[PDB]
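Here are the chains, one letter per residue:
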Amino acid sequence: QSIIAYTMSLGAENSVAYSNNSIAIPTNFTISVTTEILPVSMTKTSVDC
Amino acid sequence: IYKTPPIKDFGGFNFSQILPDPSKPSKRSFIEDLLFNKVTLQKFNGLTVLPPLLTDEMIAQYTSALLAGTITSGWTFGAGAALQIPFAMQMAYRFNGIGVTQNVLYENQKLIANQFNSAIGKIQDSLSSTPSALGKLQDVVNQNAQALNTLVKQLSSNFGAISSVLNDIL
Amino acid sequence: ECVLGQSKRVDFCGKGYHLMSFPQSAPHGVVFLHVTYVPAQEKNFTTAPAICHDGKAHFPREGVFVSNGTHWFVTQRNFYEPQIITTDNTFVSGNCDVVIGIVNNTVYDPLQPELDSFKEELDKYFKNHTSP
Amino acid sequence: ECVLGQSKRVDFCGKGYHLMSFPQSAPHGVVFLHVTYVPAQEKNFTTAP
Amino acid sequence: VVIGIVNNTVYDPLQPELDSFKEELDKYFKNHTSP
Ligand SMILES: *[C@@H]1O[C@H](CO)[C@@H](O[C@@H]2O[C@H](CO)[C@@H](O[C@H]3O[C@H](CO)[C@@H](O)[C@H](O)[C@@H]3O)[C@H](O)[C@H]2NC(C)=O)[C@H](O)[C@H]1NC(C)=O
Ligand SMILES: *[C@@H]1O[C@H](CO)[C@@H](O[C@@H]2O[C@H](CO)[C@@H](O[C@H]3O[C@H](CO)[C@@H](O)[C@H](O)[C@@H]3O)[C@H](O)[C@H]2NC(C)=O)[C@H](O)[C@H]1NC(C)=O
Ligand SMILES: *[C@@H]1O[C@H](CO)[C@@H](O[C@@H]2O[C@H](CO)[C@@H](O[C@H]3O[C@H](CO)[C@@H](O)[C@H](O)[C@@H]3O)[C@H](O)[C@H]2NC(C)=O)[C@H](O)[C@H]1NC(C)=O
Ligand SMILES: *[C@@H]1O[C@H](CO[C@@H]2O[C@@H](C)[C@@H](O)[C@@H](O)[C@@H]2O)[C@@H](O[C@@H]2O[C@H](CO)[C@@H](O)[C@H](O)[C@H]2NC(C)=O)[C@H](O)[C@H]1NC(C)=O
Ligand SMILES: *[C@@H]1O[C@H](CO[C@@H]2O[C@@H](C)[C@@H](O)[C@@H](O)[C@@H]2O)[C@@H](O[C@@H]2O[C@H](CO)[C@@H](O)[C@H](O)[C@H]2NC(C)=O)[C@H](O)[C@H]1NC(C)=O
Ligand SMILES: *[C@@H]1O[C@H](CO)[C@@H](O[C@@H]2O[C@H](CO)[C@@H](O)[C@H](O)[C@H]2NC(C)=O)[C@H](O)[C@H]1NC(C)=O
Ligand SMILES: *[C@@H]1O[C@H](CO)[C@@H](O[C@@H]2O[C@H](CO)[C@@H](O)[C@H](O)[C@H]2NC(C)=O)[C@H](O)[C@H]1NC(C)=O
Ligand SMILES: *[C@@H]1O[C@H](CO)[C@@H](O)[C@H](O)[C@H]1NC(C)=O
Ligand SMILES: *[C@@H]1O[C@H](CO)[C@@H](O)[C@H](O)[C@H]1NC(C)=O
Ligand SMILES: *[C@@H]1O[C@H](CO)[C@@H](O)[C@H](O)[C@H]1NC(C)=O
Ligand SMILES: *[C@@H]1O[C@H](CO)[C@@H](O)[C@H](O)[C@H]1NC(C)=O
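Residue numbers (the deposited numbering), protein chains in the order written: chain A, 690 to 738; chain B, 788 to 828, 853 to 981; chain C, 1031 to 1162; chain D, 1031 to 1079; chain E, 1128 to 1162.
Bear in mind the hints are in silico, worked out from the structure with no lab data behind them. Among the hints, a few may not be true.
As the list claims (entries may be wrong) - Computed far set for chain B versus chain A, every beta-carbon distance over 12 Å:
no., residue
1, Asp796
2, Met900
3, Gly910
4, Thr912
5, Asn914
6, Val976
Said to hold, decoys possible - 20 Å max Cα-Cα, derived PhoX-like pairs, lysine-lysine:
no., chain 1, residue 1, chain 2, residue 2
7, E, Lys1157, C, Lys1149
8, C, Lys1038, E, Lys1149
9, E, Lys1154, C, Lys1157
To be verified - Derived coverage of chain C by chain B (criterion: at least 3 residues anywhere in the stretch with Cβ under 8 Å from a Cβ of chain B; other residues may be distant):
no., region
10, 1039-1049
11, 1065-1074
12, 1096-1106
13, 1137-1151
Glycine included, each C-beta is placed from N, C-alpha and C at the ideal position.
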């Protein structure tokens, strides 16, 4: 293992096949849970001059 | 990152002004070439400018994916697996979000087609004629330069000393 | 909004179609558990903008017309649920001479099967009445 | 919210009834092209509740 | 109870779907008299 430098990849390339009479309709689904974190306060502090 | 198909049979619309132009050295379209020309923009005393992480060509590649996806797939690619729907039914769904029935579009397909194409052309003319259209961005670049320039001007102030040249008083 | 009700602003309460969330406390903060519904594997089909049957252009009340290459039906936008083409699921609007790219299919109405049973029922009653 | 989908909030994504938007890059910014439906000339009538 | 209400006839699409059948049945009854 070593350190290397390169150009970043904008993501995984993927093309879509457009047409004027083609449609895709899902037949299944999954229920995934995603977390989310937000700060709401800080430690209050008072100082005497 | 999606990419548009080579075919441009989008039901009488043309997205030419917004679809990227391969001719330019950078993959930029007609509209954002006007914007890059409108805006007007290492130093001795420590003042350095650092380059952004995303190079200016890299951003233009993202906007193509955001634009290619929304012109062939609808709203699905943002909230699931990408699915293809012809553009003629893409507009029909949008009208249902307005509360007008979907028959109106297929009854007047030509009129909406012409009005959309004509409207896009006006934006290129309106932006390129009046110079005050980009006031919001132009404020940011001017504000940054002015404050930084004043800092250099401050080195010539005496601040009540005998001379503003540090080596001179020494 | 995300918790006390259901949200429609896409990608605000969870990535995908949102259902609800369950808040949890934290030291000097708060953490959410968004529950998102996202479609699984897909399948390509043949689609149409409308159906003309007797000179009139037909349109689904909600969803989209769909064909697998042999027959046309109507299903919901986000889940494959085949249904027979019914007029109760398809209103009519004017003639079909302007719909660009229009295709052909017969249109069924759940009115006919009710009439078909009684029409056949009426046929036998008249045949019986010939005996006297 | 109104590029990956359609917005029902009034005035939030352009004056009038909204259909979609198109993003375009810019130096240190972004410019939006809101395509908004707007009702044309009207006509008076008589109504009953 | 409703204010501002006015009178107007109301069309019922399923009625001609049965009126035509009843009309055609009544014709059959007249036809059934001849034999
Ligand atoms: C596309 O969808 C069509 C609608 O479902 C489908 O037609 C249906 O096909 C099934 C078989 O897959 C038939 O089911 C019957 O098949 C034989 C026919 O005699 C019977 O013995 C069986 O017991 C069974 O009931 C349906 O009858 C048929 N429906 C119609 C209206 O024709 C196509 O097959 C689908 N095509 C593909 C490629 O999947
Ligand atoms: C969907 O089915 C419709 C009915 O089968 C069909 O309309 C029919 O089209 C044929 C031929 O296109 C017409 O036949 C006449 O066509 C031309 C005039 O356009 C004449 O020169 C021919 O000699 C012939 O008489 C029918 O008149 C016409 N019927 C009606 C009621 O309009 C549609 O074309 C079909 N649509 C698709 C996309 O296949
Ligand atoms: C819609 O049709 C209704 C029925 O055809 C009609 O209601 C009728 O109104 C008249 C006018 O008042 C009534 O006539 C009687 O009115 C009072 C009682 O309301 C009596 O004291 C009088 O002597 C007179 O005979 C009818 O009795 C009444 N019929 C019914 C069934 O309600 C409405 O008026 C029509 N709508 C409008 C806007 O006119
Ligand atoms: C649904 O189909 C599309 C393309 O339609 C295909 O066209 C014919 C070749 C015939 O085979 C039809 O039955 C097909 O439906 C698929 O897009 C292609 O996907 C493959 C990989 O799966 C890819 O190699 C091709 O390049 C794609 N086509 C184009 C024009 O780029 C699509 O993948 C199919 N749906 C699914 C879920 O696989
Ligand atoms: C629809 O009509 C209104 C006014 O109602 C009419 O009033 C009388 C003139 C009589 O004809 C009634 O039967 C009508 O119902 C119009 O409002 C007027 O607009 C003009 C300017 O266009 C203005 O000068 C008037 O003052 C307005 N009327 C009032 C009472 O203020 C309205 O414009 C008509 N609809 C359209 C699309 O023109
Ligand atoms: C939809 O997908 C789910 C999983 O995402 C499928 O459930 C699995 O089905 C396989 C059958 O091969 C089982 O072995 C797994 O144990 C199932 N998973 C769970 C969590 O129970 C489901 O069958 C799919 N349904 C359809 C109609 O495609
Ligand atoms: C798509 O529409 C656009 C605008 O309505 C068309 O753009 C012009 O087309 C003419 C015809 O060749 C050219 O001379 C102009 O130079 C084009 N404009 C620009 C800014 O280059 C375009 O031709 C249409 N494309 C199709 C296939 O119809
Ligand atoms: C779809 O496009 C092809 C060629 O681009 C064309 O031949 C075909 O007629 C189009 N479909 C419809 C329904 O018009
Ligand atoms: C005709 O109807 C009567 C009862 O109404 C029944 O008894 C008789 O069997 C019927 N005729 C035939 C041929 O079924
Ligand atoms: C509407 O208002 C007028 C006067 O402002 C009144 O005469 C009339 O009765 C009202 N309409 C109804 C249905 O009551
Ligand atoms: C009248 O009834 C006879 C059966 O007795 C039937 O054959 C004939 O078609 C009927 N008339 C008409 C006009 O259908």
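How the hints compare with the structure:
no. : hint                  : verdict
1   : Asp796                : violated, 7 Å
2   : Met900                : violated, 8 Å
3   : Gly910                : holds, 24 Å
4   : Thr912                : holds, 21 Å
5   : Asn914                : holds, 19 Å
6   : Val976                : holds, 39 Å
7   : E/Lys1157 / C/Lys1149 : holds, 17 Å
8   : C/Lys1038 / E/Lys1149 : violated, 50 Å
9   : E/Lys1154 / C/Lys1157 : holds, 16 Å
10  : 1039-1049             : holds (count 5)
11  : 1065-1074             : holds (count 6)
12  : 1096-1106             : violated (count 0)
13  : 1137-1151             : violated (count 0)
Hints 1, 2, 8, 12 and 13, counting from the list given before, are not met by this structure.
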